[PDB]
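Enquirer: Here is how the chains run, residue by residue.
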Amino acid sequence: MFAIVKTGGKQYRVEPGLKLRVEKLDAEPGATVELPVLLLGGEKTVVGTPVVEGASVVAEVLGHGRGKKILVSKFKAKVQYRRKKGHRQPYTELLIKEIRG
Amino acid sequence: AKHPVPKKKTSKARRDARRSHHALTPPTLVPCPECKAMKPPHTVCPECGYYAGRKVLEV
Amino acid sequence: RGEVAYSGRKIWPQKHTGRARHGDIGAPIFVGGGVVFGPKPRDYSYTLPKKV
Amino acid sequence: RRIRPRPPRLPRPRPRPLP
Amino acid sequence: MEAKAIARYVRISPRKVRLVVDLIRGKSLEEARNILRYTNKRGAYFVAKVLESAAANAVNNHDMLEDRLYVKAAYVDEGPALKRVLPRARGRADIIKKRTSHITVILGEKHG
Amino acid sequence: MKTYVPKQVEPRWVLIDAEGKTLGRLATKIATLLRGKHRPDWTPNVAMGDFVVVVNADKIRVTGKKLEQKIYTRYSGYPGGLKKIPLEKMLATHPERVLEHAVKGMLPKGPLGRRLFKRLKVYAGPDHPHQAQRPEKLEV
Amino acid sequence: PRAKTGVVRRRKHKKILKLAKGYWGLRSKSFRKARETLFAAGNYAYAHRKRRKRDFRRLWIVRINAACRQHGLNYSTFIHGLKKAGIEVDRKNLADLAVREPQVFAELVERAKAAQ
RNA sequence: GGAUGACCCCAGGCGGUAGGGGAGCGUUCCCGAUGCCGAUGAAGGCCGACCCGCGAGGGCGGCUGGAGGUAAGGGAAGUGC
RNA sequence: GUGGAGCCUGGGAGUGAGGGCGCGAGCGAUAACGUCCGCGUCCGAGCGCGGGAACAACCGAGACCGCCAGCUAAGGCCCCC
RNA sequence: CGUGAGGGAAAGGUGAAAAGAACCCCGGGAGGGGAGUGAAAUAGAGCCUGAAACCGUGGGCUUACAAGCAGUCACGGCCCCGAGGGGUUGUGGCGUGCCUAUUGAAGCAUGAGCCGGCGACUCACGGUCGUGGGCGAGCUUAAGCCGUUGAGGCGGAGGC
Ligand SMILES: [Mg+2]
Ligand SMILES: [Mg+2]
Ligand SMILES: [Mg+2]
Ligand SMILES: [Mg+2]
Ligand SMILES: [Mg+2]
Ligand SMILES: [Mg+2]
Ligand SMILES: [Mg+2]
Ligand SMILES: [Mg+2]
Ligand SMILES: [Mg+2]
Ligand SMILES: [Mg+2]
Ligand SMILES: [Mg+2]
Ligand SMILES: [Mg+2]
Ligand SMILES: [Mg+2]
Ligand SMILES: [Mg+2]
Ligand SMILES: [Mg+2]
Ligand SMILES: [Mg+2]
Ligand SMILES: [Mg+2]
Ligand SMILES: [Mg+2]
Ligand SMILES: [Mg+2]
Ligand SMILES: [Mg+2]
Ligand SMILES: [Mg+2]
Ligand SMILES: [Mg+2]
Ligand SMILES: [Mg+2]
Ligand SMILES: [Mg+2]
Ligand SMILES: [Mg+2]
Ligand SMILES: [Mg+2]
Ligand SMILES: [Mg+2]
Ligand SMILES: [Mg+2]
Ligand SMILES: [Mg+2]
Ligand SMILES: [Mg+2]
Ligand SMILES: [Mg+2]
Ligand SMILES: [Mg+2]
Ligand SMILES: [Mg+2]
Ligand SMILES: [Mg+2]
Ligand SMILES: [Mg+2]
Ligand SMILES: [Mg+2]
Ligand SMILES: [Mg+2]
Ligand SMILES: [Mg+2]
Ligand SMILES: [Mg+2]
Ligand SMILES: [Mg+2]
Ligand SMILES: [Mg+2]
Ligand SMILES: [Mg+2]
Ligand SMILES: [Mg+2]
Ligand SMILES: [Mg+2]
Ligand SMILES: [Mg+2]
Ligand SMILES: [Mg+2]
Ligand SMILES: [Mg+2]
Ligand SMILES: [Mg+2]
Ligand SMILES: [Mg+2]
Ligand SMILES: [Mg+2]
Ligand SMILES: [Mg+2]
Ligand SMILES: [Mg+2]
Ligand SMILES: [Mg+2]
Ligand SMILES: [Mg+2]
Ligand SMILES: [Mg+2]
Ligand SMILES: [Mg+2]
Ligand SMILES: [Mg+2]
Ligand SMILES: [Mg+2]
Ligand SMILES: [Mg+2]
Ligand SMILES: [Mg+2]
Ligand SMILES: [Mg+2]
Ligand SMILES: [Mg+2]
Ligand SMILES: [Mg+2]
Ligand SMILES: [Mg+2]
Ligand SMILES: [Mg+2]
Ligand SMILES: [Mg+2]
Ligand SMILES: [Mg+2]
Ligand SMILES: [Mg+2]
Ligand SMILES: [Mg+2]
Ligand SMILES: [Mg+2]
Ligand SMILES: [Mg+2]
Ligand SMILES: [Mg+2]
Ligand SMILES: [Mg+2]
Ligand SMILES: [Mg+2]
Ligand SMILES: [Mg+2]
Ligand SMILES: [Mg+2]
Ligand SMILES: [Mg+2]
Ligand SMILES: [Mg+2]
Ligand SMILES: [Mg+2]
Ligand SMILES: [Mg+2]
Ligand SMILES: [Mg+2]
Ligand SMILES: [Mg+2]
Ligand SMILES: [Mg+2]
Ligand SMILES: [Mg+2]
Ligand SMILES: [Mg+2]
Ligand SMILES: [Mg+2]
Ligand SMILES: [Mg+2]
Ligand SMILES: [Mg+2]
Ligand SMILES: [Mg+2]
Ligand SMILES: [Mg+2]
Ligand SMILES: [Mg+2]
Ligand SMILES: [Mg+2]
Ligand SMILES: [Mg+2]
Ligand SMILES: [Mg+2]
Ligand SMILES: [Mg+2]
Ligand SMILES: [Mg+2]
Ligand SMILES: [Mg+2]
Ligand SMILES: [Mg+2]
Ligand SMILES: [Mg+2]
Ligand SMILES: [Mg+2]
Ligand SMILES: [Mg+2]
Ligand SMILES: [Mg+2]
Ligand SMILES: [Mg+2]
Ligand SMILES: [Mg+2]
Ligand SMILES: [Mg+2]
Ligand SMILES: [Mg+2]
Ligand SMILES: [Mg+2]
Ligand SMILES: [Mg+2]
Ligand SMILES: [Mg+2]
Ligand SMILES: [Mg+2]
Ligand SMILES: [Mg+2]
Ligand SMILES: [Mg+2]
Ligand SMILES: [Mg+2]
Ligand SMILES: [Mg+2]
Ligand SMILES: [Mg+2]
Ligand SMILES: [Mg+2]
Ligand SMILES: [Mg+2]
Ligand SMILES: [Mg+2]
Ligand SMILES: [Mg+2]
Ligand SMILES: [Mg+2]
Ligand SMILES: [Mg+2]
Ligand SMILES: [Mg+2]
Ligand SMILES: [Mg+2]
Ligand SMILES: [Mg+2]
Ligand SMILES: [Mg+2]
Ligand SMILES: [Mg+2]
Ligand SMILES: [Mg+2]
Ligand SMILES: [Zn+2]
Numbered sequence: 001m002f003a004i005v006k007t008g009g010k011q012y013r014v015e016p017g018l019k020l021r022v023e024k025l026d027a028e029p030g031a032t033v034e035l036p037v038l039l040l041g042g043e044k045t046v047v048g049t050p051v052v053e054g055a056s057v058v059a060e061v062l063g064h065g066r067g068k069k070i071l072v073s074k075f076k077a078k079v080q081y082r083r084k085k086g087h088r089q090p091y092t093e094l095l096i097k098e099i100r101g
Numbered sequence: 002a003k004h005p006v007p008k009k010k011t012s013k014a015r016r017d018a019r020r021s022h023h024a025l026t027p028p029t030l031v032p033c034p035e036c037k038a039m040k041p042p043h044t045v046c047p048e049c050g051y052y053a054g055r056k057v058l059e060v
Numbered sequence: 054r055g056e057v058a059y060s061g062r063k064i065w066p067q068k069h070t071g072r073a074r075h076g077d078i079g080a081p082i083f084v085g086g087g088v089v090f091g092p093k094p095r096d097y098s099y100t101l102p103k104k105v
Numbered sequence: 001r002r003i004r005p006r007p008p009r010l011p012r013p014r015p016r017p018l019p
Numbered sequence: 001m002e003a004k005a006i007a008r009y010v011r012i013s014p015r016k017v018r019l020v021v022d023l024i025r026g027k028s029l030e031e032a033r034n035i036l037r038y039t040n041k042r043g044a045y046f047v048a049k050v051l052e053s054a055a056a057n058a059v060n061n062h063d064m065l066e067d068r069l070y071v072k073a074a075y076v077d078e079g080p081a082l083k084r085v086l087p088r089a090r091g092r093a094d095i096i097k098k099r100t101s102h103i104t105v106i107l108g109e110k111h112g
Numbered sequence: 001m002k003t004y005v006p007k008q009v010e011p012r013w014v015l016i017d018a019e020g021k022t023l024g025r026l027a028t029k030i031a032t033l034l035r036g037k038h039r040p041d042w043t044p045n046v047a048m049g050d051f052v053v054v055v056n057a058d059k060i061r062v063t064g065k066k067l068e069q070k071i072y073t074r075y076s077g078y079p080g081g082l083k084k085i086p087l088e089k090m091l092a093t094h095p096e097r098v099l100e101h102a103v104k105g106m107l108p109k110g111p112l113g114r115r116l117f118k119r120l121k122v123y124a125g126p127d128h129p130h131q132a133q134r135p136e137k138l139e140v
Numbered sequence: 002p003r004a005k006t007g008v009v010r011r012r013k014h015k016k017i018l019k020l021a022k023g024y025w026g027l028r029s030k031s032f033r034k035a036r037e038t039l040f041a042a043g044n045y046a047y048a049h050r051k052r053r054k055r056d057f058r059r060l061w062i063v064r065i066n067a068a069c070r071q072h073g074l075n076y077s078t079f080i081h082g083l084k085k086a087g088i089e090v091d092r093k094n095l096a097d098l099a100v101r102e103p104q105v106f107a108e109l110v111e112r113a114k115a116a117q
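Chains as they are written, first to last, in the entry's author numbering: chain 1T, 1 to 101; chain 13, 2 to 60; chain 1F, 54 to 105; chain 1x, 1 to 19; chain 1U, 1 to 112; chain 1L, 1 to 140; chain 1S, 2 to 117.
Among the hints, erroneous ones may be present.
[As the list claims (entries may be wrong)] Calculated cross-link-like contacts (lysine-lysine; reagent style DSS-like; alpha-carbon spacing at most 27 Å): (1) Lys-2 (chain 1L) - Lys-6 (chain 1T); (2) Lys-13 (chain 13) - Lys-98 (chain 1U); (3) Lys-69 (chain 1T) - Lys-5 (chain 1S); (4) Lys-41 (chain 1U) - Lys-13 (chain 13); (5) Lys-13 (chain 1S) - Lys-68 (chain 1T); (6) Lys-93 (chain 1S) - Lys-19 (chain 1T); (7) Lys-7 (chain 1L) - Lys-93 (chain 1S); (8) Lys-9 (chain 13) - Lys-41 (chain 1U); (9) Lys-109 (chain 1L) - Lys-51 (chain 1S); (10) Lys-74 (chain 1T) - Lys-114 (chain 1S); (11) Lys-114 (chain 1S) - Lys-37 (chain 1L); (12) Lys-83 (chain 1U) - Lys-9 (chain 13); (13) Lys-16 (chain 1U) - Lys-13 (chain 13); (14) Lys-93 (chain 1S) - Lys-2 (chain 1L); (15) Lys-85 (chain 1T) - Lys-51 (chain 1S).
No wet-lab data here; the hints were simulated from the structure.
Take these sequences, add in the hints, and give me the full structure.
Expert: Following this line, the structure appears as structure tokens:
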């Protein structure tokens, strides 16, 4: 059984057992959160309009991190314009426990 | 004539690629029927002085 | 560049040498040449107000 | 074919004394 | 076990010698000797010396059998260059590089 | 979740009868087939399109006065080495090249596009040699 | 006091040269050529990060589009219905469903056909 | 909001040449220093997929090296190609 | 009408070769990627982004950073695409 | 180097101690390999450290139907390290070097072969604003004298 869930402005297919990285949530590590559900599939197929009312996905938040540093640099020729920025997008790591109908 | 000149430095790659034909070819050698030494064919063996069976020159 | 020991001769002509233009070798652009805004002897003393 | 005779832009090259 | 010999500051130009060294790399001591003897290049004289010295070192110093020897490694490195003046026309003075080589030969035992 | 990329697929062979079909509008469909843009696991950087066999290429149809007017062109590299060949002559002389040339110019340019053009097997006459792969008769 | 260059410039140059490993010719070996190459690299990466999001979207669409014509409608029609139905499953997942869960995709098509 | 630059909350701005302004990093030397680090390895060199920092940079680990180095906080310039 | 509005007194400037386009004229030939003014605009400094095959100034639109999420602009939806 | 006046360089470091490698081996020698000294010998005299351009040997990945400012984004293959990462690059997308000067340059306009090191807004005095302090109808000393030997005072002439 799988679920399509929406979090951090993006959407992910999740299933029990899944470790998953998403945009940082405001939940203490160890706690559990309930993600909205757009769709379920496998045995039963139920289609959200846009989200299905009863359903939820229980995920345990393993904690929060910082993605490997990405170097964002800007260069402009014949104008002596150079900028160097280091970016580390924060995230939250989730453990998908169960899918509720 | 107006003194031609190279326009750009030849890269490490392009010059070495030129030199893909520069390998020497090993001397072609046969054993001497008399004294079994290695020597170039159709020459008189400089080890024993034999050619075509007979002794030809002092070695 | 005027305190350095070299002469004031122009090392090679201005034009048609194929080389950069230069004057004397005491120029600060030369190795061995004079230094530009380097230190000179200096008096670092001043008069702090007696009341202070 | 051009009628108005057109003048040389460059002189005949001449050698320099070589430093 | 390996044995090694080095000839340093040999006044020959590395590119020219390397051509010869290439001929004997990975070869038996026996074939190498044959090859160098009939190689029509000045380098062959020098490379021969290094070859022999290593074999000598192998037998005399490192307990290796002359019959099992082969050229495990061989390489020519650049040594210092003798910079020399070559006088040319119209007063110009060129510089010639009498290049110099470091010849290295390394011998091993063919356990087969 | 990363996007699905397919492991090696078994390519599908397909037979198309060109007779009567308009040159360009068949050419279009063949290209699509070759790029495999009709299968949901389409990947742009591999050749997982179909193999397309065409028969009766000589019996391809063309609107307007193009038989006499559409000129194919070849440059040889030498001075004055531009050959102009009319549709009529090509059909008459190398008919299978008509559809091929159309299909080729609708394929992408480069290494993959070139590899795909090789998956186009075009024949004049009603028969083809590839019984071995038993192509599916496609209506396009 | 005098402050000759000392150790600074080498260390700076090394940074750049390290950041240029893998580049062809002097582009990885010469500081100056390394620099120039990196200038470009930064701009491309920035630009391509933006344009990556487009590259994958186009892919999703093409895959969605193909999976629709197996059911007798096209992408544009499918998306309108999906809209009229009020289904907000994005293209990233539509295309996943098109491949891994055809029944689920087939359901989605029906709803979209009906919503029109 | 708290009580004053602690941090949290909300809202808005943030293309940029000449150019104005701000805040920093690093280099040499001084006070700190009759101290402190240092052969159980100083400076410098070669690595690092690690840690911190927006960044300039700073750490830390391995290797080389073998006798120097120098804190918090300040000061002065031959200070960054 | 609270805006990187405005006015006042001061410190630091750079600029004082502009260019395209639309419109209004003069000069020119109801020529010029022509020349000289006026209003505006964009490039200049947005040779960053989408369209225009490609293309500083035409169309769309003012790039703080990240996202394998969504909606549009001009322009497009037979294949390249 | 210049007839001459004159111009005018480059070039420092073994180790604590020469203990500077007896003797043997290949070699004509140079040079090397053993032995030996040393805490250390890639400290061996072409000697502290020993960067970079540059050259070479081995290894992993890769390349002979492919179109290019050499990268970048994605995916796949192979190799290496221990739901991860490093190396490589096959295919696909995108993509007009840097600096200078310009109305405008990838520009077929300037400069640069590449690397290392040197290399350009400072100082004195005076001015003018801002600023951190002291004092405030007042503020402040200059030369010098005394003291110190990295000690600070005195000095009111004069200046505003
Ligand atoms: Mg994320
Ligand atoms: Mg986040
Ligand atoms: Mg430029
Ligand atoms: Mg550019
Ligand atoms: Mg410009
Ligand atoms: Mg002649
Ligand atoms: Mg190379
Ligand atoms: Mg090479
Ligand atoms: Mg060549
Ligand atoms: Mg003088
Ligand atoms: Mg003088
Ligand atoms: Mg003198
Ligand atoms: Mg004079
Ligand atoms: Mg000149
Ligand atoms: Mg020149
Ligand atoms: Mg001097
Ligand atoms: Mg000066
Ligand atoms: Mg000077
Ligand atoms: Mg001065
Ligand atoms: Mg000073
Ligand atoms: Mg000074
Ligand atoms: Mg002062
Ligand atoms: Mg020969
Ligand atoms: Mg022997
Ligand atoms: Mg001559
Ligand atoms: Mg001569
Ligand atoms: Mg002469
Ligand atoms: Mg030369
Ligand atoms: Mg040469
Ligand atoms: Mg040499
Ligand atoms: Mg058709
Ligand atoms: Mg294209
Ligand atoms: Mg400097
Ligand atoms: Mg590199
Ligand atoms: Mg290169
Ligand atoms: Mg950049
Ligand atoms: Mg970037
Ligand atoms: Mg977008
Ligand atoms: Mg819609
Ligand atoms: Mg939608
Ligand atoms: Mg599957
Ligand atoms: Mg905020
Ligand atoms: Mg904000
Ligand atoms: Mg903005
Ligand atoms: Mg800004
Ligand atoms: Mg330091
Ligand atoms: Mg002290
Ligand atoms: Mg001190
Ligand atoms: Mg001390
Ligand atoms: Mg201690
Ligand atoms: Mg010790
Ligand atoms: Mg140690
Ligand atoms: Mg120091
Ligand atoms: Mg560091
Ligand atoms: Mg160290
Ligand atoms: Mg000492
Ligand atoms: Mg300090
Ligand atoms: Mg102090
Ligand atoms: Mg200076
Ligand atoms: Mg330099
Ligand atoms: Mg403003
Ligand atoms: Mg303003
Ligand atoms: Mg100022
Ligand atoms: Mg003027
Ligand atoms: Mg004007
Ligand atoms: Mg004007
Ligand atoms: Mg004009
Ligand atoms: Mg109009
Ligand atoms: Mg007009
Ligand atoms: Mg008119
Ligand atoms: Mg007119
Ligand atoms: Mg006009
Ligand atoms: Mg205007
Ligand atoms: Mg300008
Ligand atoms: Mg503007
Ligand atoms: Mg532009
Ligand atoms: Mg351009
Ligand atoms: Mg940009
Ligand atoms: Mg365009
Ligand atoms: Mg344009
Ligand atoms: Mg234009
Ligand atoms: Mg533009
Ligand atoms: Mg839409
Ligand atoms: Mg529209
Ligand atoms: Mg179109
Ligand atoms: Mg399409
Ligand atoms: Mg003389
Ligand atoms: Mg010593
Ligand atoms: Mg000594
Ligand atoms: Mg010895
Ligand atoms: Mg000796
Ligand atoms: Mg000892
Ligand atoms: Mg010992
Ligand atoms: Mg010890
Ligand atoms: Mg030794
Ligand atoms: Mg060492
Ligand atoms: Mg040492
Ligand atoms: Mg040396
Ligand atoms: Mg020492
Ligand atoms: Mg050394
Ligand atoms: Mg050395
Ligand atoms: Mg190799
Ligand atoms: Mg071909
Ligand atoms: Mg091939
Ligand atoms: Mg190619
Ligand atoms: Mg290109
Ligand atoms: Mg892809
Ligand atoms: Mg990869
Ligand atoms: Mg590519
Ligand atoms: Mg640059
Ligand atoms: Mg100019
Ligand atoms: Mg070009
Ligand atoms: Mg160029
Ligand atoms: Mg060019
Ligand atoms: Mg020119
Ligand atoms: Mg040029
Ligand atoms: Mg000029
Ligand atoms: Mg220039
Ligand atoms: Mg040039
Ligand atoms: Mg030169
Ligand atoms: Mg180079
Ligand atoms: Mg100044
Ligand atoms: Mg002042
Ligand atoms: Mg003041
Ligand atoms: Mg006071
Ligand atoms: Mg007083
Ligand atoms: Mg005294
Ligand atoms: Zn014989």
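Enquirer: Decide, hint by hint, whether the structure agrees.
Expert: We went through each hint and held it up to the structure:
1. A hinted pair counts as satisfied when its Cα atoms are at most 27 Å apart, and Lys-2 (chain 1L) with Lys-6 (chain 1T) qualifies at roughly 16 Å.
2. Of the pairs offered as hints, the one joining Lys-13 (chain 13) and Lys-98 (chain 1U) holds, with about 22 Å between alpha carbons and a cut-off of 27 Å not exceeded.
3. Simply put, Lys-69 (chain 1T) and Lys-5 (chain 1S) have alpha-carbon atoms about 34 Å apart, too far for the 27 Å limit, and the pair is violated.
4. Note on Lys-41 (chain 1U) and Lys-13 (chain 13): the hinted pairing holds, with a Cα-Cα distance of about 26 Å set against a maximum of 27 Å.
5. The straight-line distance between the Cα atoms of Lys-13 (chain 1S) and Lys-68 (chain 1T) is roughly 23 Å, inside the 27 Å bound, and the hint therefore holds.
6. Between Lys-93 (chain 1S) and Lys-19 (chain 1T) the CA atoms are separated by roughly 19 Å; this keeps the pair inside 27 Å, and the hint holds.
7. For the given pair, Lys-7 (chain 1L) sits about 19 Å from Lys-93 (chain 1S) by alpha-carbon distance, which is consistent with the 27 Å threshold.
8. For the proposed pair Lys-9 (chain 13) and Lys-41 (chain 1U), the alpha carbon gap of about 33 Å is over 27 Å, so the pair is violated.
9. Proximity of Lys-109 (chain 1L) to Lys-51 (chain 1S) is assessed by CA-CA distance (about 25 Å); at most 27 Å being required, the pair is judged to hold.
10. A distance of roughly 47 Å separates the Cα atoms of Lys-74 (chain 1T) and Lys-114 (chain 1S); the hinted pair therefore is violated under the 27 Å criterion.
11. The hinted pair formed by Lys-114 (chain 1S) and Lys-37 (chain 1L) meets the criterion: a straight-line CA distance of about 23 Å does not exceed 27 Å.
12. With a C-alpha separation of about 26 Å, the suggested pairing of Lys-83 (chain 1U) with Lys-9 (chain 13) holds against the 27 Å cut-off.
13. Note on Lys-16 (chain 1U) and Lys-13 (chain 13): the hinted pairing holds, with a Cα-Cα distance of about 18 Å set against a maximum of 27 Å.
14. With a CA separation close to 9 Å, the supplied pair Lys-93 (chain 1S) and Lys-2 (chain 1L) stays within the 27 Å bound.
15. Taking the CA atoms of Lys-85 (chain 1T) and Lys-51 (chain 1S), the gap is about 16 Å. The hint holds against a cut of 27 Å.
Violated hints for the displayed structure, listed by number in ascending order: 3, 8, 10.
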